[PDB]
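On the provided structure of chain Y, position chains U, V, G, S and C with the ligand as indicated by the hints.
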Amino acid sequence: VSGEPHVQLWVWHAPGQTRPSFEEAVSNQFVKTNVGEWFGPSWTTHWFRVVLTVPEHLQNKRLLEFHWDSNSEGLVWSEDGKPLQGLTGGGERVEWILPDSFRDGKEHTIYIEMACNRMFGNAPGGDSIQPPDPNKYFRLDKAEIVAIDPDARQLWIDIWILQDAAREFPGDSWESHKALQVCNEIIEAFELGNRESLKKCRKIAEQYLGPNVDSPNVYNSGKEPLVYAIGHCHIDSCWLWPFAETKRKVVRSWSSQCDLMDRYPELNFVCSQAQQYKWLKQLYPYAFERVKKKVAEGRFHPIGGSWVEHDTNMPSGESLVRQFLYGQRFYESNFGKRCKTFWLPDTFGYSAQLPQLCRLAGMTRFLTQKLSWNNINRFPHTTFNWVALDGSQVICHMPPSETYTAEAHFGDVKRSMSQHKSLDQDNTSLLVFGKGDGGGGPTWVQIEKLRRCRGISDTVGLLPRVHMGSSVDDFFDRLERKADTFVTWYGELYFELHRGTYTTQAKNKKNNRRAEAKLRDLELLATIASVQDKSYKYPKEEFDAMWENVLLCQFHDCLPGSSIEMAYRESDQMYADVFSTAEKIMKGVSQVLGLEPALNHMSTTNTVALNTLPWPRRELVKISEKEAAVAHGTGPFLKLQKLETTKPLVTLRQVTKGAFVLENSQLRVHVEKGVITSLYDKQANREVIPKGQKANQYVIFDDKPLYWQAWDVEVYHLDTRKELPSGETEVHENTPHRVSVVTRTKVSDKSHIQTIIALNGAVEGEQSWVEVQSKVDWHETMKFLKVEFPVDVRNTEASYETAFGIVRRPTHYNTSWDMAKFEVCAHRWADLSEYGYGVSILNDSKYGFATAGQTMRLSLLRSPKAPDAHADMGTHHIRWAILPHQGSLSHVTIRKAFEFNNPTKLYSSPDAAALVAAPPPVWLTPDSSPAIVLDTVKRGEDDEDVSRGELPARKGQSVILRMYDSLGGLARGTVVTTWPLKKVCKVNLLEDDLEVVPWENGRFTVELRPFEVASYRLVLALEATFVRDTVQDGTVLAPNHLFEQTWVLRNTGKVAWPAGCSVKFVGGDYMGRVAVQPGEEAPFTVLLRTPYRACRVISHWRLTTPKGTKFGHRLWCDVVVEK
Amino acid sequence: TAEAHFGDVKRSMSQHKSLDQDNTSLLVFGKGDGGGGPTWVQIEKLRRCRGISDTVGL
Amino acid sequence: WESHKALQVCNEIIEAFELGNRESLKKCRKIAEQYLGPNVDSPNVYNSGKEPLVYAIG
Amino acid sequence: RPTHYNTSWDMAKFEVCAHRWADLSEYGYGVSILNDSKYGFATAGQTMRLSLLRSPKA
Amino acid sequence: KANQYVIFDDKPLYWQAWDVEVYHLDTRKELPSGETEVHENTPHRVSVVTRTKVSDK
Amino acid sequence: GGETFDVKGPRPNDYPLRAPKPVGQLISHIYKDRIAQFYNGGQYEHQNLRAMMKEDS
Ligand SMILES: [Zn+2]
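Chains as they are written, first to last, in the authors' numbering: chain Y, 59 to 1079, 1122 to 1174, 1197 to 1245; chain U, 463 to 520; chain V, 232 to 289; chain G, 867 to 924; chain S, 752 to 808; chain C, 2 to 58.
Just chain Y, same shape as in the assembly:
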């Protein structure tokens, strides 16, 4: 029924692109509409008041749904204001089951909030990654009430699975032929008019699917399961839609998931991105309440433990630590427990140090499927031990079905074993099904199809057996107990796609690095101020706000620069808010921290320089713009010296009128028309640039990737190299402490470059660099601008900085495994070094790098068009530096990169003599190993004055130091503090004490294993319950013994247990093959055998009603096999 007497709908248009809440939407004036109208430009929202009156002849039809098929997404609200269910307009999710109280002609009313955008944004249909069309209109197709025959629905699922079985089973085995015969018998037994023929057809299909496939009991057969199915809904935060649309997608997907889990007692759901949980908690309290109720009920498992599903290549180490810290703290404060699995199924590449951070965050398991997209080298493993640079290991599993949005097809279950690459060590696998990339979760079709698949595997055992009542934790616990035999993978998991993601949207990456550095600086300064002065409150509110915004902008589609324009407008607003809050915090801290107001006519005796770096520093500062001084010191504040002697840094023109020689005390740079034709190191008397080549050379390539414009740069792009010649050099600055020449290069019409090459005065025992800054007016189309430095250093391996250490990569394209790495990600420096000498290219805003046989190449700018039509148009400020260093790669490059990314800022002070002379708060002794970087000093998360009340708080003041060695050798250090120390302990990333370390006079010593990230805390001065069981945990058994496990369970509930109420193995290590009043206790027994190996085995069980629903506590059997 669809007419106006039965389904009457009014509409209200939201004012602009605003998204009003339910409170202020139902108070407006709705106007009558009907099916067939067209609604709104793209991204607008429309509210529908739908009044339904089920007619007299539909009141007893056994299934009533409201079919709503506006071709976009929507959300169903009850009259009260509770979200009920999502809807999607392609036909995927169009039905809302009437809640059994509409079965009387009382004309109940609901609301439907429709968002004028499809599941994948608003591209002009067909591509879904083309830039969104601002003038899309959506047609309301069908808005009717449908009485559906459940038997026809079940038969449809049955015959669908049967057809897939007849096609995908091997043609030479009897299973496919039997499936075909059953299909034929179904077809011949079905007649159009009759409805009993449907029941007869279902009975016929039962001979191949099993007796009762249409019930959850199919999962309680007690046979060995091989494929674990878990529901999943991957909502990208800002991929092809603004962030507000993501806020809406989260609720409109999790509401559908909660409704489904009400209907299907075996469905289990996982969703990551604690940030989305926070959005749901803030904006839709009822939806969050029902989600939390599901979480406590043992379904709807939150895993991932990170703030967002962040990219792991670009963000610095502290960003990754913050991701884990905030995610785990949110999960622990809101839900009871803390995640043990790192969920990251959509990230472009994984840094080599990720397993160490995971192990330090309490997460020993890792899941991902992105590496299946490699288009050059097939990744060779499915389940393996991923080993970090330091040796910490996690268990990584990559679902053999190569999607996180598996359609739960028969083919997907088949491929979960046919494509398993690690069958030698283990045969179990995870099938992650749903509709990801902004979509809603699993649909009822997928759940029914999985039921049919398990029925098939139980009756004709050729499909791998699929199981649905378990969790990801169970599967990984089963894996963990045989992980000593798994294959290991050392180092980074390089993703061989989306290599242009390191360069696209340069503004976002520059902002991310600036925000990271500023946050580190501010945290250190605020820690010093809060410890020094008791009246200054540590600004935890503001720090939390800025960190949350930064981490959100580190999402695996925002930072990688692969989103639409509106997303980047919102991210720009986020970064502007972050920097304004940082300015406020810094002003407060400077007010407290002595006094550091501003810069005036300088005096070089009332001004200090902020250090914020944990080692003695000595550089040139630019006070009194004509003159300059030397800032040297060890603490957070450095004094100045105001040198004046014979002139360093000469610049002289050759008679060529265009060539310059910038001579330092350590370097000599011969600059031709824009390029460094020669670079002579006066310490190691050798030329850095090979004869005949030219360093700092702008080159341009044609990008034009295959499909993903913003993501990919393909290998063939290396063929279209073209040098930009148009330089003509002239003097720009000639002060006796700094010289610099400036050049203009014409990329093309309407696109040009202005480059400044500068040399600073050398200082005693400090390597000097050649600094380059470019103003690029960039308006090219599908071009790729890079800069080249041939460095005359022969080595097969180049060193790059990653999060918390050094990765090492080939430079020769020997095999496909090395040709796939033609462009890599380096954070702050890339080093090419032979035995006694190296050259480091160190930057401040660029991540793309490529070393190919003596030619370093820094990726500067890309101009894609697909998701964003004006991606990098405009003016860009780029900085890099060439640093030729004696000796192999050592602490010099690390310290220089940190100094390059953190320029000193000057600050006046009323008394800049006590401030300088005071010993630093925290430092490392000079005799300690220089490889140690004391990356962050931060106040503890729970200090009774920083707590915020989220979690239980500790008593005193505490300071957290994160120090890591950056070079990869055993590092000994002594940390000196002037704070009055009460105790020191080693902590993990979540700040949980591990062991006490000894300290003497605020001089505790640290030993760091290679690439370790040790952290130190400085403390300054139907219900059912378990009763008992026969065989305890950890009892020892014969290798192939036959035994029985007997639990006893008490009711402790108001309701009563139904008749059956058995235990039905929703767990891990399979060991099968041999009513109750609210007062008393019932014993339950299972028959088990010990497996064929000496190990520990753990099986999880659960009480379940004899109709499918599981309840009560969780049970397990814990045994050890002696052999």
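Treat the hints as calculated values from the structure; they're not laboratory data.
Be aware that a few hints might be false.
As the list claims (entries may be wrong) - Output of the computed footprint for chain Y on chain G, the stretches with three or more beta carbons under 8 Å from beta carbons of chain Y:
1. 892-898
2. 901-910
Said to hold, decoys possible - Quick list of in silico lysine-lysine cross-link-like pairs, DSS-like style, CA-CA up to 27 Å:
3. V:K258 to C:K55
4. U:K507 to C:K33
5. C:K33 to Y:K352
6. Y:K705 to Y:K740
For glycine and all other residues, C-beta sits at the position ideal for the given N, C-alpha and C.
Relative to the frame of chain Y, chains U, V, G, S and C with the ligand by itself:
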């Protein structure tokens, strides 16, 4: 004269041309064309084959 | 997974066999039992009561 | 040479030829096993292994 | 324990004198039979001596 | 054997923090070809099962 190989038992179904109507088949093993009958090796191999099918049912 | 498990069982048999010793043979048979079944060396393997598809006749 | 068996290209190098010394060194420290008559060597994740003697027969 | 004598079973596929195959790494076995004693004790050089029984003969 | 509000789960697994040694994926065809030498009458007749077949003669 099937040698009672594992391959022979596998081919007794992989090469069955009438699986639509029936899936059972006869495996005739021995040493024909003037030879003697089955050897003990073939009988033991068939025992192992059935053990395999009972434990890992492929 | 069946072929891979068979390969793993074969490897475990090879590594458990030493030339001089004769108990290693019994240990190897016990290892193989995890893939062939408990008592493959007896006619009782044919009395498992499962559906047979290939009938072997000498 | 690699010491991790990451890919088949590295698993194929489970035993390599070194003339007079094999060195495993981190940033500030290393250990060298140096010989005078042996060429076979294998470094596999913190465990250097010097091949001493073989007894073929063919 | 460093300087540890281990023994593997070689048995390559075809070329006995040429090949050692990858699977040989699975049959690792340590030789334990040492029992150490002094061999040389000069003020410029010390050395201990041990006997390890690989097998009979 | 089950939750009692004093124990949230079973005793935690002994998954080592550092990977002890690297282990590689076993090459399928080499291992497959190795098996036949355990009973073939080739060059290993005196070192494989064929040597153990006859107790005495
Ligand atoms: Zn995504």
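Evaluation of the provided hints:
Chain Y is given as covering the stretch 892-898 of chain G, and this holds because 4 residues of the stretch bring a CB closer than 8 Å to a CB of that chain, at least three being needed. Check result for the stretch 901-910 of chain G against chain Y: violated, 0 residues qualifying (beta carbon to beta carbon below 8 Å, three or more required). Between the alpha carbons of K258 (chain V) and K55 (chain C) the distance comes to roughly 18 Å, so the proposed pair stays at or under 27 Å and holds. Proximity of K507 (chain U) to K33 (chain C) is assessed by CA-CA distance (about 20 Å); at most 27 Å being required, the pair is judged to hold.
Of the supplied pair hints, the one linking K33 (chain C) and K352 (chain Y) is violated, its CA atoms being roughly 49 Å apart against a limit of 27 Å. Taking the CA atoms of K705 (chain Y) and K740 (chain Y), the gap is near 17 Å; set against the 27 Å cutoff, the hint holds.
Violated hints, in rising order: 2 and 5; the structure is consistent with all others.
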